Amino acid sequence: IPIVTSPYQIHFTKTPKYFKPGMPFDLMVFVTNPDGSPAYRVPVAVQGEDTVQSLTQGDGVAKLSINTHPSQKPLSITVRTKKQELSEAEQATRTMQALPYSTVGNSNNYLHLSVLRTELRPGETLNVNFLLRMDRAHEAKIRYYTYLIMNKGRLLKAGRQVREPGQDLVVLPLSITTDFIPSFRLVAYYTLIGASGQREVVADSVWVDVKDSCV
Amino acid sequence: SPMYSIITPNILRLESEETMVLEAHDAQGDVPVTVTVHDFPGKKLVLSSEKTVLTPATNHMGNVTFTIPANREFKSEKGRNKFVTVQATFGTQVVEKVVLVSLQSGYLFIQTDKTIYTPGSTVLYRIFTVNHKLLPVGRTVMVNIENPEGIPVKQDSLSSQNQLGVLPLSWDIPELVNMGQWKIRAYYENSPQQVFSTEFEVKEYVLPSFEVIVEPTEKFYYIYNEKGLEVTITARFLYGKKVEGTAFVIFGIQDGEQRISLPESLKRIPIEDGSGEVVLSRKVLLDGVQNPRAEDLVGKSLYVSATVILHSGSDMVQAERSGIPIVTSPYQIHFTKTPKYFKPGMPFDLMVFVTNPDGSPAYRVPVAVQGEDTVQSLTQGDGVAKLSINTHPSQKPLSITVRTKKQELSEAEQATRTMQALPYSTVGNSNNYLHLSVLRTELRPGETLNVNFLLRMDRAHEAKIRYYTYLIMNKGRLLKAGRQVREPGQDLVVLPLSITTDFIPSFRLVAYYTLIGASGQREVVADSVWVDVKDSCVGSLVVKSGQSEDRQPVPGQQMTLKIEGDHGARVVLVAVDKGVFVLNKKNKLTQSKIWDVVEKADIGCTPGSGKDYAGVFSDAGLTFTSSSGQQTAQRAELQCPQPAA
Amino acid sequence: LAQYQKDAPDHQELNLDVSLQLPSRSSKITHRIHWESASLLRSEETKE
Amino acid sequence: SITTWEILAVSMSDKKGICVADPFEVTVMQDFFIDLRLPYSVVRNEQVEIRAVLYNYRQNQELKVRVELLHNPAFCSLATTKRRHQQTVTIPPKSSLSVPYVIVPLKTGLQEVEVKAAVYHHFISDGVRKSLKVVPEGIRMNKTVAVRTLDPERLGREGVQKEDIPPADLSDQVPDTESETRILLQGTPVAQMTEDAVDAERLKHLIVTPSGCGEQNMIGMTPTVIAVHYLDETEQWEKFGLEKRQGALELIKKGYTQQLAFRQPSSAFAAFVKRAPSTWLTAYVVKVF
Ligand SMILES: *[C@@H]1O[C@H](CO)[C@@H](O[C@@H]2O[C@H](CO)[C@@H](O)[C@H](O)[C@H]2NC(C)=O)[C@H](O)[C@H]1NC(C)=O
Ligand SMILES: *[C@@H]1O[C@H](CO)[C@@H](O[C@@H]2O[C@H](CO)[C@@H](O)[C@H](O)[C@H]2NC(C)=O)[C@H](O)[C@H]1NC(C)=O
Ligand SMILES: *[C@@H]1O[C@H](CO)[C@@H](O[C@@H]2O[C@H](CO)[C@@H](O)[C@H](O)[C@H]2NC(C)=O)[C@H](O)[C@H]1NC(C)=O
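Residue numbers (the entry's author numbering), protein chains in the order written: chain A, 324 to 538; chain B, 1 to 645; chain C, 1257 to 1304; chain D, 776 to 1064.
To be clear, the hints were calculated from the coordinates, so they are not data collected in a lab.
Check the hints yourself; a few may be wrong.
Unchecked claim - Distance ranges between label pairs, derived from CB positions: (1) B:430 <-> A:487: 17 to 27 Å; (2) A:330 <-> B:87: 51 to 61 Å; (3) B:405 <-> A:534: 37 to 47 Å.
To be verified - Below 20 Å or equal to it, Euclidean Cα-Cα: the simulated PhoX-like pairs (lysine-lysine) are: (4) B:203 <-> D:908; (5) C:1262 <-> B:154; (6) C:1262 <-> B:82; (7) B:242 <-> B:578.
Just so it is clear, CB atoms sit at the ideal spot from N, CA and C, and this is done for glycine as well.
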């Protein structure tokens, strides 16, 4: 039975440590009870502005997101609970610092992945969003993304998602089956020849969790 | 010069709070704004209150409120449309817009102790008086009781002020009475044209001691089923024990409002272990009708009438199941939750509503787009499936067809639906769009919702878009509005939105940006989407037993009734024998039917999007007007334009 | 044409004052029939 | 009453609004009991059968029951004060048994019937006392006395009308039974006497901007002023356009502004301030204003 000052314990273990400068960044905050059990419906907030809050989901994860500026400087991240009636001294907090994504030669050509955060059950569909970020002089050369699915130490699924000029954001419906249990990573990349005739490869990845059940 | 803007709903209501949103775009320094409401036509002046200052610190924002009164002068015209025009003064530049007025003032719900009564007995009834916000209001209500042919026999007039919006009343039925359907009709004093009603039955009856349930295996009939319609009989006493007896069951066909009976479909089965089963074969059906075509049977409906008597011979109950459709498909697909306007050159979301033939939502049926078999999705719990396409910059309408892919079922059994979407028209065909994308789940209060804003324009003007302007429409009024700032290079921004009890049952999110583009021309681009919220109470009222043991109490015994609920609320109770509902369970009021009436009073007519920025707001239920000249389309009808169907 | 409308002529001129003399005769039931009550139903019940 | 009660509760909160709770069910029951199932009504002085149902829900025990119909001064049967009408029956376990009785109603009204039963070797008993309506022979009739038209201007002459309603003769009325006289009045809705108005299709052209001299300003102001007044009384702004009245208000207000520039210092009007004042034009503006 722990002896602590705060009825909660916040962890960035499930939070990505690298943000995209000038691009929105998602924060997956893992809030737990002192023993290690997930906390339910505790409102945590970003250090900047008390208005940006969110209540923890059923699995002990809270969803927050920021809109990063094109700053190449690391971004300080601090999350703090705002549970009512409890004093500020009782509110848990955790602090980390994220690092910026580095493009090929700092060309400022990025790929951004964004995915829904909910208790995912096999048999439902998931919309994967692919966002291209680059100067539009080279946007016509990106006609597709190439994605792969890693699950349980092996490649489960892979394919192409076509893209037309001017459509920086594309949506790919993905059906979740029992094979994606317990968790999987989605990697994606595009390629082109830019600058003065030089090969450029930009990549991105994201980790997804699946709800506990039998195959 | 900066552009001033006023945002108000399409239709304003009497005797209710009306949100007024004032904004200035690209403004510099402070600007005082005075508010005034005039009558229309003519000038008599109905309200002169309220003023505010749009501040660069507040991003030139300011929300103010007003309330439209009701007197003998307002309540004069009852049958035709009348309007009032609010004028807004931004410093010295005045902006004004004519607005539609609704003569409705709130809601009326009527509860009775029973659904069916005896001559010479007492009728107890309570009326809950709430405004459009479902909060207790104190107003004078006019109630009338009419006979089967519509003759008012008893009428009341009373104020619920200081009674917390509850009017408990009573009335005695004489023995000299015409049995049949009797209706209670009520309307507020300041809104005589908005009439509410609920019905009850008068009969010479005695309550039975057991219930009869007629359960079809499927709530529909597939024509080419060789076995025919299977209907399971279930019967039990009112206290929960199994019934032993013999049943006589008969079938029939319902065509429109006229019912045809099949005499030879009669069967006689004993009821054993509190249950029975009877099957109407396909051959008997074809023999019952004189039409040998099975195609003509599609679209008609069946009904079942059962007569059950105990093996003691002392009681008898008649039960009925009706409206069982005769269809080719066990499902019905609808684009009702899908927007009818797509963005050329941008991905578009499809919200497909698949239902069972009766009208109930279907669960976990896999539907797919007709074009390309790879895109499939299973329906969620509320009968909605998520599909999406990658649109080409085609200015030609795009045909969308969805077809279910449920296994084992034949292609003839697969439901399908076909529609054609329309392209969004930009200002001068500038091809500068706004795209909204939002998660699709059963939204419960206490969760956060991430709204995604995607900007589309040439990067020569992307630095000029420094903010978005968003508003939330819920239950015919503006609930929340604000700005979301944007820095250069951030075409996509995310805004977490927290869902509270106020967003029930559904809300629309509109958003827009503005700038001076093309060759020096003001441009306004808008987008919208309609979101559903899970049906539930605003608070939480729970009734349970205080005792934890001594199952099945004894008649007359004292027991403890435990009621858990929000602090400060007033609770009304009624305990009825379930036998009355076995005789008549119609007109039973519930929370879901309350949210059903609210949705039927919504002024929004489209699940978002639109032909242009003006159609976005006009379809959502908003009026927009600026100092520059851009304004919403004129609307003079309270109702929503009817689909072609 | 505006003066034709505005106070547009109409067929209603209802101004009926109707009263009843009851067998009990404790009071005389009296009602008025105007335009707003043109098609209004008035009903009364005696127990004899 | 032995049944499952459905308890409906609705809450009223000034902050959380109205809420209809889920119906709550309370199942009241007794292991052994009787159910006397009467008809809603019975005809006076005619023998009828009543059905009393006795329930035994033991899983392995059949019960020997003494069931008795008690004496009644309003009903005739074998039950008298000296002689009771009692039977001894046996009910198998998990079953029900009905014991019929024969009675005769003797007097009208909501009269009382009572039955009792007790089992041997267990001290478990039940009794049912219910009332049912004893109705004399006959049936309802809703005959009409008279239907007539009221017209004081036409009937009675000189704005006054008087008329009687004779009582119904109804020689077939059952003695000492209620009889209501239902009086209904309904006025005669008279409409029409209105001719069609101009549909405002081709009237959209009368929006003219005032300009020119004083009389020329009145020429441009003339059609715009009367048009808004015509559309107001015809309430045809739905077809014409609600936004166009606000635009016409600016032009009419603008015409009133330009008209005062040609006003003579003696409150007279002419084409110019140099021109002699026009008596006709002065009267025309008064008619317009
Ligand atoms: C890799 O190749 C295999 C070939 O075995 C692919 O599996 C087939 O996928 C198609 C999808 O159209 C199915 O219809 C076939 O039934 C599959 N093959 C078998 C043997 O079942 C697979 O899709 C390819 N890609 C990946 C990522 O595995
Ligand atoms: C006598 O009373 C009856 C009601 O008991 C009335 O007639 C009813 O009229 C309705 C139409 O509005 C029918 O649906 C019912 O079936 C009628 N009932 C009958 C015929 O018993 C009416 O007030 C009187 N009718 C007669 C025939 O005397
Ligand atoms: C409109 O203005 C009202 C001012 O009365 C705002 O209400 C206040 O909002 C702030 C921040 O949300 C709260 O801290 C205050 O407590 C609110 N006032 C009261 C009396 O409680 C309202 O939020 C504004 N709405 C919009 C959409 O701008």
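Evaluation of the provided hints:
Distance hint for residue 430 of chain B and residue 487 of chain A: a CB-CB separation of about 19 Å, consistent with the stated range 17 to 27 Å. Judged by the Cβ atoms, the range 51 to 61 Å given for residue 330 of chain A and residue 87 of chain B holds: they are separated by roughly 55 Å. Hint check: residue 405 of chain B to residue 534 of chain A, Cβ distance near 24 Å, so the stated range 37 to 47 Å is violated. Restraint check for residue 203 of chain B and residue 908 of chain D: the C-alpha separation of about 15 Å stays at or below 20 Å, so the hint holds.
Our distance criterion of 20 Å between C-alpha atoms is broken by residue 1262 of chain C and residue 154 of chain B, whose separation comes to about 38 Å. For the hint linking residue 1262 of chain C to residue 82 of chain B, the alpha-carbon distance of about 15 Å falls within 20 Å, and the restraint holds. The hinted pair formed by residue 242 of chain B and residue 578 of chain B meets the criterion: a straight-line CA distance of about 16 Å does not exceed 20 Å.
In this structure, the earlier hints numbered 3 and 5 are contradicted, and the remaining ones agree with it.
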